[PDB]
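The data below hold one chain only, encoded as structure tokens and taken in the form solved without the partner chain.
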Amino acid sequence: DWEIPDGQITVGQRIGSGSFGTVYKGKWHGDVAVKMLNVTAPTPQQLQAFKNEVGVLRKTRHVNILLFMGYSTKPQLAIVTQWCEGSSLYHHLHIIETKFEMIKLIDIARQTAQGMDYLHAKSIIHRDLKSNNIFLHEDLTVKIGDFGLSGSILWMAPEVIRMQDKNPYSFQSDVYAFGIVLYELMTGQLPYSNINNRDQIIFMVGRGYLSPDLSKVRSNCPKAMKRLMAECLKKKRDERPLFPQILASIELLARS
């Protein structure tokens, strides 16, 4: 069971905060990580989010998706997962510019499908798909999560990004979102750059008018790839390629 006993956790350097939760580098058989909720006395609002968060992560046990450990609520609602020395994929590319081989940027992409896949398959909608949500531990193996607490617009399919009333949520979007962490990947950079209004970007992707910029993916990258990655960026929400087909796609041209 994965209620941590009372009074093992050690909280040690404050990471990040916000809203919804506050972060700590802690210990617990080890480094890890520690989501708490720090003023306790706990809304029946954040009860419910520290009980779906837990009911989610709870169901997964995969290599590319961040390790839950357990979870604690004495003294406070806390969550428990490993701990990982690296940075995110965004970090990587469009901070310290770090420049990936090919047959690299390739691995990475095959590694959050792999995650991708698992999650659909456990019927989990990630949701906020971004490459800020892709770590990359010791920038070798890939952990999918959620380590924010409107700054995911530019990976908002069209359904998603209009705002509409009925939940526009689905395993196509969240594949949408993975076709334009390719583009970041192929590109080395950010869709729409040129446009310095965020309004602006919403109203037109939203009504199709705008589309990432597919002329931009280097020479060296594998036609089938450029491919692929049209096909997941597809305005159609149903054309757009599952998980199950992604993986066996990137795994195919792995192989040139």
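Residue numbers count along the first chain shown, from 1. What we label the rigid core is the largest C-alpha set whose atoms superpose within 1.5 Å from one form to the other. What changes on going to the form deposited with the partner chain bound:
Just one of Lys122, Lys104, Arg127, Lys74 moves its Cα by 2 Å or more between these two forms on a rigid core overlay, and this residue is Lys74. Taking 2 Å as the criterion, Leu47 counts as shifted between these two forms: its C-alpha moves by at least this amount when the rigid core is aligned. Shown in the overlay between these two forms, fitted on the rigid core, is a CA shift at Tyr24 of 2 Å or greater.
When the rigid core is held fixed, the Cα atom of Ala248 travels less than 2 angstroms between these two forms.
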Second form
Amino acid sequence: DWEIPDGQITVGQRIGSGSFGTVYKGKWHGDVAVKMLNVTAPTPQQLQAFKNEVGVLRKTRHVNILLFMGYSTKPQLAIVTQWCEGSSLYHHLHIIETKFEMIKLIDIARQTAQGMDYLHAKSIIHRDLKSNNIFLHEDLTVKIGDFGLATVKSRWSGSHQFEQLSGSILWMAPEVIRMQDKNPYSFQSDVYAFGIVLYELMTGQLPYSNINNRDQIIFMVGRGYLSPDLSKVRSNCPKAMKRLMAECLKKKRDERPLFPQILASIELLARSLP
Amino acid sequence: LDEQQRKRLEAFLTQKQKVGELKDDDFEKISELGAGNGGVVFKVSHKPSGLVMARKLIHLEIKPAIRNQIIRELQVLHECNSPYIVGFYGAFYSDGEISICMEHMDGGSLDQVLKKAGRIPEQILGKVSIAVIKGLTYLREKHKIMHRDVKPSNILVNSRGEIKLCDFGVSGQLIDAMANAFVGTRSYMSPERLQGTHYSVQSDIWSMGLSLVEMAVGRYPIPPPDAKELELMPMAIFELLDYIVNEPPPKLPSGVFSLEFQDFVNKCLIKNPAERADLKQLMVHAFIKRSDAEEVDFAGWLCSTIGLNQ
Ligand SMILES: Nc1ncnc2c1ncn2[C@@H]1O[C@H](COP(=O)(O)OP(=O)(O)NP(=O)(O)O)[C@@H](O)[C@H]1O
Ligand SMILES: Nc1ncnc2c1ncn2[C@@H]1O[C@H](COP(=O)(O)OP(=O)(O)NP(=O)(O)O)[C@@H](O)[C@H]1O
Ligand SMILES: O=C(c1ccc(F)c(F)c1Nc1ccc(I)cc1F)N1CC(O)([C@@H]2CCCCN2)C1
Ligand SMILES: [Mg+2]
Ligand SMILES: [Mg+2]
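Given the form solved without the partner chain, state the structure of the form deposited with the partner chain bound.
To see the whole picture, the full complex is given below, headed by that same chain.
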């Protein structure tokens, strides 16, 4: 039983609504991140599958993975993770426009495959890798949060959960867009996400920067008609780098590399670097 | 225009002079009007002027350069002044949130109303379509503005029987910034616009038609009713969009809707944006010629449907 008593968390400032929760900064033996789940339908089959999933996430410990400090059911369904001091990658790249050095950009990507590999090594699909879920703890280290939790990234009607696209789609592999597969979420749907993250790093932009239509993107990426414009890669990005990004972005999921090989490519690219 | 409309248009302009800088501390929350999938809205009292408005609150995470442009571009709404367009009182950024301030429409959106009403009558839909056609025109001629998303929750209505457009695309950035934030479950996006082509008011007209049919039968019409639920009188977003493009458009049911109305929507819902009718044509269609002629008690129908008096 990994639950926390009701009056243990000192819920504080409301911070923002994501693809599957609202986050409040909390207090609980130091600052925490309390995410109040949008599934407030604690089904009997759900509460045992989310209990099981918290079991796996609780024992995931890695320097590039956000600590999963447990959860709460009283008042309603909630989640307590480590509070990050410092802004998310998305805020750095796209809001503050932090002027990272070329080598540091690589190392952000290295530290991220670093963590994502641990996940896949412990047989965890992220499902929701995006730069909003990569924080830069003390600006140095990379921390990946918001992983797993499939049972609460969908809503339930009994013992069957319909998997809904929620939040932002820019990172969704095309098979995840379509939702036509069995489970379309896979180690390559994560790798594809990572590919978009690389695009952010190499270009300083989100993809499809020239399309102010959301549904257009959904249809076209799902149908294969649309993929990121890679010429937008900044002038001084390693040739070896651009190529790695295009492998992850392969439309057919089965041409995408796995993280064992991805992480290798980067460290090779890191070492050989003036 | 009309004599009674010129009363209402100047009454607003004068109520707008009592409004100055909109400070967040100048406001008292009355009641929540609901959230959407971009912002959340409050009925509020502007302490200085004493007025009552609606305050849409968009919490976005965008770089300040962009935000400052969205605010610049929302000041264009001080110039939209049609009886078919919701009134605008000002727009500003405070505390992490863009506020858009607009007149309260006490009837709500046609979506709110459609839920309160099951389905909506054709005599009514007629007078609605007249309004939307007029609002869409006023935005294209006088401003060269494409609504960019016509849907029932973007048409508002009030107890004086007014029908007005709102949430229209006067800042492209703001539309864009709100959409990566919360993808929905429905889509009024015409099939060209889903494939990258944009067609001025042609792609809005399609949205209207779709909205007409949803209001008319009481259910979002994609895919069509499964034969049996029709006689009663979940789908993946990528698939709705695949359907819109790769399947015939929706149509009204036979026999229970006028020949002039089944036609008006069907001309609205043509998948080729060029065969689809334009504003000049819809404006002089059978169904609009007649429904304009029909005298209908709109405000009474509305207040009856919401559960209020006259
Ligand atoms: N552990 C955390 N510590 C501090 N801030 C956090 C933490 N997790 C999330 N946030 C912030 O909370 C806000 C929204 O949280 P969240 O629900 O994760 O939305 P999102 O990350 O943008 N989309 P998603 O994570 O895919 O559902 C953002 O301003 C984040 O930077
Ligand atoms: N000026 C207004 N007066 C009264 N009700 C309003 C007004 N503006 C919006 N609403 C209603 O308040 C709720 C939330 O507002 P809004 O965000 O405009 O809804 P929405 O259209 O469903 N979201 P979106 O898909 O982003 O356009 C809805 O139920 C609207 O019908
Ligand atoms: O809230 C808006 C909206 C978007 C762009 C814009 F310029 C606006 F001015 C918007 N709001 C708005 C406009 C005129 C009046 I009078 C009052 C208002 F509150 N939108 C567009 C929207 O309906 C959806 C969300 C994103 C998907 C497409 N549009 C919500
Ligand atoms: Mg996050
Ligand atoms: Mg609206």
